[PDB]
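Only one chain is included here, represented as structure tokens and corresponding to the form solved without the ligand.
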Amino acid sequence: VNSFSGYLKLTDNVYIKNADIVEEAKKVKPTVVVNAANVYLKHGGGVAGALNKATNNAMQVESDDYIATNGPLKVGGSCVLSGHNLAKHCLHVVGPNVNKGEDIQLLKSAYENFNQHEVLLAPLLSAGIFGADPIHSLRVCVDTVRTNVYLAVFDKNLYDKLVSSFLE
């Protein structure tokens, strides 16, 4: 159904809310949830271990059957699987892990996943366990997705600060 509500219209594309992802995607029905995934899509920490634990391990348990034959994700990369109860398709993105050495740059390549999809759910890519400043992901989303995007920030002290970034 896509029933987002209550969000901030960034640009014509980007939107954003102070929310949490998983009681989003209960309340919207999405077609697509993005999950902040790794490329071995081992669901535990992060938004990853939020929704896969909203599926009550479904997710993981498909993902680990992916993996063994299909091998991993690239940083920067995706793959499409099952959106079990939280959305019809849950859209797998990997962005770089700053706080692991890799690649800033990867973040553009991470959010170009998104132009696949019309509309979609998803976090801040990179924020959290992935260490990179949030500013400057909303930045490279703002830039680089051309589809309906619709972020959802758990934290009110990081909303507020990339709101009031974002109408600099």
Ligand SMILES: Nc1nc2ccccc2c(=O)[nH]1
The other form holds:
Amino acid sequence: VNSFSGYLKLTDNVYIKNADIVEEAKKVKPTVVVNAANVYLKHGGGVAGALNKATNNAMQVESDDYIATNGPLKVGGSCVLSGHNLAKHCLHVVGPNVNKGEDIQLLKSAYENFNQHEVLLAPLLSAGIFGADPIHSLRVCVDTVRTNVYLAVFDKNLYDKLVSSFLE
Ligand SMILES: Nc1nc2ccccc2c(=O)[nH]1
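Now that you have shown the form solved without the ligand, what about the form solved in complex with the ligand?
Following is the full complex, with the preceding chain placed first.
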């Protein structure tokens, strides 16, 4: 049903909220939730671990079956799997891990996958343990994505920094 509420307009197609993406997916019933995935679709922590836990491991069993046919995803790549109870679809996107020397230029490739979907609930890609500056990730999102993206940012202090950087 895509019932987004309380998102702050950044651009005509990019919105942002200080919120837990799991709690957003339950209220909003989005067509697409984006997972910040790794190449093995092993949902061990961060957003991936939170989304998988909210599906009581249904997402991990589906992900394993995909990886059995595909082998690992490419950095910058994605797959569309079931959203289970969270969404119609989950778009698993792999952003570069700059800690492992993956090139930050691949973050544009990662966000380009969003353009296959009219409306997405998403986190910022390559943040947290993938080591990219989240404000940089937001700039790449805004420059790359032309479909309607609703960004959820968990941490209030990071959210305020993102909105300050973008609107001040
Ligand atoms: N519930 C929950 N939400 C998150 C959102 C972003 C990153 C991490 C998390 C997390 O670890 N748990």
